[PDB]
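**Student:** Okay, here's what each chain looks like letter by letter:
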Amino acid sequence: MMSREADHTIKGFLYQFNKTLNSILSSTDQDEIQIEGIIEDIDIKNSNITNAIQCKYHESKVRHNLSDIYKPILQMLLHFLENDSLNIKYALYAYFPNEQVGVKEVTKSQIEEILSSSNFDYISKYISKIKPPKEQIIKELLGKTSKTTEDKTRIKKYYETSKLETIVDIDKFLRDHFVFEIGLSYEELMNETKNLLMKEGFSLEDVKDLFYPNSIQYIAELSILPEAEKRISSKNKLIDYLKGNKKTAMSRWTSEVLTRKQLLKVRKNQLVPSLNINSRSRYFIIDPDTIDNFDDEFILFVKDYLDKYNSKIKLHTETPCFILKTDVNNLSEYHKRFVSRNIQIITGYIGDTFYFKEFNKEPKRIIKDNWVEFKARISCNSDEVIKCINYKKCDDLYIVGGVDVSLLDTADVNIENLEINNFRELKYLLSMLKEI
Amino acid sequence: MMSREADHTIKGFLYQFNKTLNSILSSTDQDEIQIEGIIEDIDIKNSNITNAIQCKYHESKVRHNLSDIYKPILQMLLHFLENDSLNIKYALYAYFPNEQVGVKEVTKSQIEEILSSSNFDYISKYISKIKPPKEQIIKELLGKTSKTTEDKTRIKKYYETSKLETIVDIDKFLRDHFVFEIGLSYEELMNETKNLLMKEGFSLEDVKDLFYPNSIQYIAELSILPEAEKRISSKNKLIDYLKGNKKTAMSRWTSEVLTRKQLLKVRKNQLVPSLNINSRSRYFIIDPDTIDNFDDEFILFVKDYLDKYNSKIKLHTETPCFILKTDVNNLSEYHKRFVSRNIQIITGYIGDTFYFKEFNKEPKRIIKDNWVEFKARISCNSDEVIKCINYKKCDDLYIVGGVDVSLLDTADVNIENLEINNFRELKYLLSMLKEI
Amino acid sequence: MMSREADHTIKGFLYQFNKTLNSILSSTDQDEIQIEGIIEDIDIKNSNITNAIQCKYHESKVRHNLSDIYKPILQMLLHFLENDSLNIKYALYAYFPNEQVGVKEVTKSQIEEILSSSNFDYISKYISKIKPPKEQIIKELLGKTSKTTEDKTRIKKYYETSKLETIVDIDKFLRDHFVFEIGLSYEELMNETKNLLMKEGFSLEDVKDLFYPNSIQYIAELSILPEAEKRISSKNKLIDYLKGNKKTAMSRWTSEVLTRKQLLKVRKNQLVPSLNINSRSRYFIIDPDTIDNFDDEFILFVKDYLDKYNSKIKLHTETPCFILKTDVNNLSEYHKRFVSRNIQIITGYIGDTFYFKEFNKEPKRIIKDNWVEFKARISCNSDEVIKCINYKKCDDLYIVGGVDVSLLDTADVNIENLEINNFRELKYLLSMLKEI
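Line order of the protein sequences matches chains F, H and B. Going by PDB author numbering, the residue at position 166 of the first sequence is 166; the numbering climbs one at a time, nothing skipped. Going by PDB author numbering, the residue at position 158 of the second sequence is 158; the numbering climbs one at a time, nothing skipped. Going by PDB author numbering, the residue at position 192 of the third sequence is 192; the numbering climbs one at a time, nothing skipped.
If you are wondering where the hints come from, they were derived from the structure by calculation, not from laboratory data. There could be a bad hint or two in this list.
What the hints assert, rightly or not - The list that follows gives simulated cross-link-like pairs (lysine to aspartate or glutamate, EDC-like), each with its CA atoms no further than 16 Å apart:
1) F/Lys364 - B/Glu362
2) F/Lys314 - H/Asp369
3) F/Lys357 - B/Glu362
4) H/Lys314 - B/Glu362
5) F/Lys261 - F/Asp7
6) F/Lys45 - F/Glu227
7) F/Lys246 - H/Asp292
8) F/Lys364 - H/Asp369
9) F/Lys361 - B/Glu362
Please work from the sequences and hints to get the whole structure.
**Tutor:** Below you can see the structure in the form of structure tokens.
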């Protein structure tokens, strides 16, 4: 059972995908997309927030029924009572197989009869906050983090016939804000999006992986900067980042973009070319937080990587690297472990001072002895590291989940991603572990 | 949607093929050939123009129909009212499978009936210029750069129920100018052209790859120089340029292997017996008009060509040299991507002026270290020196699109000039990357 | 005729040398040393400045005479009345052959008698500003930029018999400010300074090549940072910087007030170690704006620098490179004349983007052909250049005068700085040209 916040974020990214498709189809002056700070109380100190997508989906069988509205409504209602109480216009984009598409209207009753759901989870999670009861016993029970079946029954009894009065103006609370709309099945929509995007030449798979993902990333990052004036978008900019270069375009986060659907196919094996070639120096810019564990396990990965792509000495002449965003001091906390399987692999920081030389050294080799003087190297995703793009420069650029993108050269480097939580699947994706 | 100007140029080259075949079959004193300044507003200020080839072809199912004469007719009609009013008599040679062969006759009634096309696109594009309306609302709508369906219907009813009177002499406007003739299937006529060209010694592959480009470019460039007296042609000249040299003639020509599918048709292979050979200094000539992103997403072509034909130190012994058609000051900037993928090679124009022993020096070599000094060269097409790119041609000018026709000693460097789309479609010919 | 401002700078450097020697002799809690921003109107907006050295020395024959203090006196007098009117107290430490060592005393009568210089040069230069000319017949002529002998005589008569009353408080203008003391002949004092420095181990030539420049530059740069709290000096800091490392000392600056002019002495030939050794990659960080002849002439130096330290190709493995602070574009506008005289180099930038590591790759020498893949390389001082001190990191350095030092790793690299004004003397810093 995954947290509902993850599903909210997933469908928010899906709505972002819809916005990107709309912008691509228009290819002209399009609305200015601004991100919403609702995932956590970041407190960016901004007021021009309109999207605020916190939608949710559940199993659907036929048409729509009254059993298709759930807690998400209550949590967005509480978000309405934001600490800063600024523009918090929310939206709902629930999908139904065969139902009329439109808005649910902002009549008071249509949400009033929905409010009285009469569920203990709903009552004790969010409803209790919007309605401060006069029964201080209930308040103390809620604050004590302890309840019993009789207590739940009594609370439901009070909320059934002894309904309380809230402290928020109901007329302004369910009429002005909030917009309702019927969504679409994204399972049958990703194919349509890919077909629509494949209007120019481009390629077969890079359209899926090289232009749609970079458009997604650009749309997502268009409004992540602290400045509120960075959201300015015009026809000229939207055509510049539609056909300006848009052949490599430095597509940063590509693999599966962001959704996790079991394994990772098709786009996994496309990384072999330029990597099977034994004279290329593929890089790895990852972040351990998106990974699961970093205490000793990573070196194991390193081994199965290093033992492969700097072996067969006569052939392999280029030494890969590793950029992972643990720390600078923590990195050497593995540089000691590195000597465990006849491996040497360079910290890059070598301590606490990134030396840009050994992070792009081409060591020379021995044919007779089956040896290379360091199978690969390691580094961190630091601001003062711009070296994927300057020598044997990652003819394929590989990243995990997220990255400090700015300050890099970003020029003719076949950049792609693989979003992972473990290094076992990293082996499985780099084509050196059969499973997982 | 391919541009109609490109179709006009293709049909002009088809009629060039027709003239070439007629002249070759005659091999004696043949009609005069002169180019037409209709592709752009060049304003050559010459009057001896009769060809004015602006033909176009549309979909055909069986026989011919009145719907086979679209806007191009209107374009020729407007072009008849040239600013300098020179001899601009246009011609149409559209192919028709069945039915009679001959001219459409200059009857006034037929042309009047044809003129009643009544199409929104035609009305808003060229027809509006023919008839200056007394109403100024129509003119404002045309010049407003923003029209609506109601406006289009208003204009259509204005020009249909209240058809205007044009200011041009109708009698001279539908009878004297323009000629029509029934065309032939050019796709099936290429084989006949090659078979007829297979009458001299020549060879098997060279007919399909060597001599037909020679003939087409001879006929096209016979009358390109500014002087109007350089077009003179006699029986002696035609026999000399049919068998006199007609072997290399400093190849600045191809128009085939244009079938855009990975490995397009054939002519990728002709120049291979130069590339495989280890003492061939291949020299190119390129134009950014087709090839794209000469600072952003080119150089991948360079990377592959260079890692193939100057990598194996043992056999190969020569450096390729690129001529492109970008500015002479912006070339050291267009250079970025070279060092942006470790493909070390010189800039050619060296930033402002062209110092070029290094544009024709032998790439020194060492075998033991698998080291190639510089794998290629870029310079640009500017006249500064284009007579050092016709000398060491091993076989080919390997021209891409545009060219600097002059300052090029005219003999003895085999054949290649492929006007091709992008950097990636230059690879298949220069077959280093078997795919795209 | 050498500029007087240059002489003032030389005297300031000499008194910096004297302060450094005093600190070395003490090597304990010693007074604070602060630089004076009086060389130009930098307007640092600082008040705790007392040195304010603008001294000068002239010819001396025996003892001293009333004519031993020239215009510099009046220059200091004007500099006393600064626009901001801050602590600008001046000092004088000129040398005298035979004279009682002591101050000139602040008696008003002596300074008043000195004030009657009666020289047209001084009056037209500085004295005219001291006394506001109430008779504008002189101010207008001064602003006319045109004067004659009659005008000089008129000014002399005006200032001789028609003495004018100044607006500055004379009592405070000749008594409180300015300090005097009898100097010493530094020409013979250099030997004494070197002998005194020869107290610890050190070496013979290094006392005149390595450590003295260390001390001089350390004292000079102690108070160049914008922060005013960095000037604090104590016994612990003095001892730590006096005998902390002092093996290579990261000795940036190298020369002093000596025969350092046109041809350089002091570390002119001793740099050969690691420079003859065929396994070093000496770098160059310089600035051309101080230099004069840089449009194409610099390539000449490149030539003969690139025909020695990357010639004799059997042994020379590593490569040089140039960090010259010209510009990004000017380098392109200086790119031109590179492949002109049988030398190839890498731009380092390759356009409008500095490149990190192509600026460092290995041009693998050739045994049977006498060639290297770039006899050397160029780059400008891209603030995004921390690269001397990472790759093949310039085990010797040769800077000119002083250039942007921020961001440097300054680790493991024998950083050095030999000032020049053109490249002919730069050679002999690198020691190939027999003279100059």
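**Student:** Now tell me, hint by hint, if it's right for this structure.
**Tutor:** Hint check results:
no.	hint	result
1	F/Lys364 - B/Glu362	holds, 12 Å
2	F/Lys314 - H/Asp369	holds, 12 Å
3	F/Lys357 - B/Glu362	holds, 12 Å
4	H/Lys314 - B/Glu362	violated, 20 Å
5	F/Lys261 - F/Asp7	holds, 13 Å
6	F/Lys45 - F/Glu227	holds, 11 Å
7	F/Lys246 - H/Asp292	holds, 11 Å
8	F/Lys364 - H/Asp369	holds, 9 Å
9	F/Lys361 - B/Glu362	holds, 10 Å
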